[PDB]
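2 protein chains.
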Amino acid sequence: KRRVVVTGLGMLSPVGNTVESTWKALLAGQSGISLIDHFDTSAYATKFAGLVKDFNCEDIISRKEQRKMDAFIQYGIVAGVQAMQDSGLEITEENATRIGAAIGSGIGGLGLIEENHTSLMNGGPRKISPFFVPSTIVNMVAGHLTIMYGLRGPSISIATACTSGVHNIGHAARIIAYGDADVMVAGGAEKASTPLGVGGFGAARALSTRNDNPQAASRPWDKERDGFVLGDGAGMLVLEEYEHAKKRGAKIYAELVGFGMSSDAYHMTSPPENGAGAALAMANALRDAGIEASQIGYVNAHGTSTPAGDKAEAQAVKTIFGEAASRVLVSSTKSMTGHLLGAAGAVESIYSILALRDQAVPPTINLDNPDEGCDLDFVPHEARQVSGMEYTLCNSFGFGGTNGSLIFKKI
Amino acid sequence: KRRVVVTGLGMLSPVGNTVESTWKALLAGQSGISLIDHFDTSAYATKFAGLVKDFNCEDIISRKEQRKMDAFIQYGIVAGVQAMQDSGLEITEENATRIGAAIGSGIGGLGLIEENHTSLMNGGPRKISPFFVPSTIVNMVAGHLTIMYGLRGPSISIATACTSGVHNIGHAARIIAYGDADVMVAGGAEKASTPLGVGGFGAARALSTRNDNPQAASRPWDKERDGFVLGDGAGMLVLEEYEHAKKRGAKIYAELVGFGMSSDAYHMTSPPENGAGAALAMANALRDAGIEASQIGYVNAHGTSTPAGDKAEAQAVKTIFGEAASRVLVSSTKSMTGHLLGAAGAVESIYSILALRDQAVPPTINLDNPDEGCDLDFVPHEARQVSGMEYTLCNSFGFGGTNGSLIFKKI
Ligand SMILES: *[C@H](C(N)=O)[C@H](O)C(=O)CC/C=C/C/C=C/C
Ligand SMILES: *[C@H](C(N)=O)[C@H](O)C(=O)CC/C=C/C/C=C/C
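Keeping their order, the protein sequence lines are chains A and A'. A prime marks a further copy of an entry chain.
Numbered by the deposited numbering, the letters in the first sequence go through residues 2 to 412 in order.
Numbered by the deposited numbering, the letters in the second sequence go through residues 2 to 412 in order.
Next up, chain A with everything else stripped away, as it sits in the complex:
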């Protein structure tokens, strides 16, 4: 039996450009939400997002190579490098073959698609960049990373909307467990804060519209929720087989011990009031890990600050935790960070891992007045200190009722 452990972390996010900085900002209840200034938002109903601030990549990616790449790929690589550096792995010819990648995105290169389409509308097909395809398609984050580090193992990319993050980590472990790889770089990257991504979610009426107080917009479970808050970023994990990691003397952050997937079979964008799909994915993760709900100390919720969405997950937690529902800690870091779509599950896996390290649970800021029936401990305003927390659960749900959960364990 092969046990997968997390030996390397890397990340870009709205509250920080590194893992540790981001983690301090979350624990200090800082927000990363801000007014969008890279495109005219006058006609838009949402004028704010969680944007990655003062991002440098020149040291890692050259200006000549920057032009073949949408910003989502740029983020993915930089965060991937971080994860590799943190891992300390040395890739040798005797190694290459056993190391792979499992990185996805919800929609990939929206920025460059809009740009190319604009050129085509204004100049015909001869003005379309020669890199249009490889600069936008979702799997190019893993493509460039494999090339960069000479990785020859398995190379997949799962694109399941907001569950992407969780699914890539899940299958990266599965791959390792199966024997196809020893080390896997996994995570997700997203950069949808573009006209079409902001407009598009606006069109569906899914985004918050609180432009008078951008940092208060995102309020999971609060009575005044009006929609999720969009955020860009990327979170990369290095997963590797225990023994392999043991022999090399690797920083072991945690052990990936459970992975559950489920389908809703209800609505294309809406979740069931019930939360049954969310319930069956936690449930399945539990079975896969072989533990009971009661051993879960902290649940990093999907909790996107949407009226219907937050209700459902809460209910699913009450179904799964039952009597231990009052003793379990459930927060949403999306109150600060915003929804990272394809990257959400990746960064939130890092937050659930660090919580094990530090026994501190990031808060759910802006939760001034819980709505009617939410009696759970949502870690309301300030980080909570804890003791003896062995496991944490991490949720992510997505359009098409595609659900996933990851269980982490302290080692």
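No false leads were slipped in.
Repeated chains share a single entry, so a pair holds when one copy, or any two copies, can fit it.
Here are the simulated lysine-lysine pairs, DSBU-like style, with alpha carbons at most 30 Å apart:
no., residue 1, residue 2
1, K312, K69
2, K2, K410
3, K247, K2
4, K410, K252
5, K25, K224
6, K69, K48
7, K65, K54
8, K411, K248
9, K48, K312
No lab work stands behind these hints, which were simulated from the structure alone.
Let chain A serve as the given structure and place chain A' with the ligands on it in line with the hints.
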């Protein structure tokens, strides 16, 4: 140990709207390539593609529901229904939970992205459809199918460019083998024959330009190759665990016995002249199945009719088959059908499965003059009759050097 078998086939393609029709057209060496007429191609360097002809879906999808869906999703569903109908599975409340889906696409809804972006350019963000997001994102084929049949098992979507098809089948089996599901609907759907998809690949100089003879454009391994030929379509497979399938008395088409993944670590679009990545993926598939190259009767090649691409794969076959390289049959059905990108690996899995059933190997049409060093039996012009063929191998390679292979076995 769990053995996965294929109990249901479904498919839309340029040469046919059903599985059997398509199969007859391939064996009769028919081409599906034609002049594009849904957009002005006057300024374009390629004016032809493999398009799905006279496609009906009204019986399956209503006109009110058609509007929330890009054509790639439309194709996926219709082909998925076919696969379910062919399977004969009955979904019950005692069943739902164990049946899932694993359907991907290379780029998903290009058609609707261009349309929405056009509206936004000409009318601002209020003219963007409310279904923009769910009508384009890659995972909505599995989303709608799960809802339609009430599937509650695992729901993933792999988006690895032209390897998508193979990867979704691969992981669908892995999932089943692992125990997360008993039945999985898997495959891919693509519909990139749009201005941006044709222009975009044109921009890279990757497409054939033989507009004077569209049906002769696609010529894998021929000396006059000038680029791949674009094709739309979808191919769906129903994978299910042997025992489960046995007990229900299911039509067993074949057994999925091997799945190999590999990374090139060379170039973002170009393959290595060597074909080493392609070699290591066949190699890995072989190990996973536990058989030797010599037992492989037919290889459905990636063979996209690209100068560099076709060279490399051929070499990789010579490395893997070695002495049996002359006795093994290698054809490319892309000579007729064109490249289905995200769907390519799905339809070609069906062609490798049917070849087992009928012991007939589809030809590589248009191969008038093999280039210099290609001495392999490429099944040059007419279908070849065979006897005692137990296994077939199926290849698919993609941008970012992401490789995959599937091995099928006659039962
Ligand atoms: C996210 C959610 N409901 O939690 C949802 O599944 C989703 O739409 C992700 C797909 C988005 C990809 C980025 C595209 C932006 C236009
Ligand atoms: C396909 C190949 N080289 O065999 C290649 O990997 C690829 O570009 C697939 C990605 C395309 C998705 C459809 C987008 C069209 C614009």
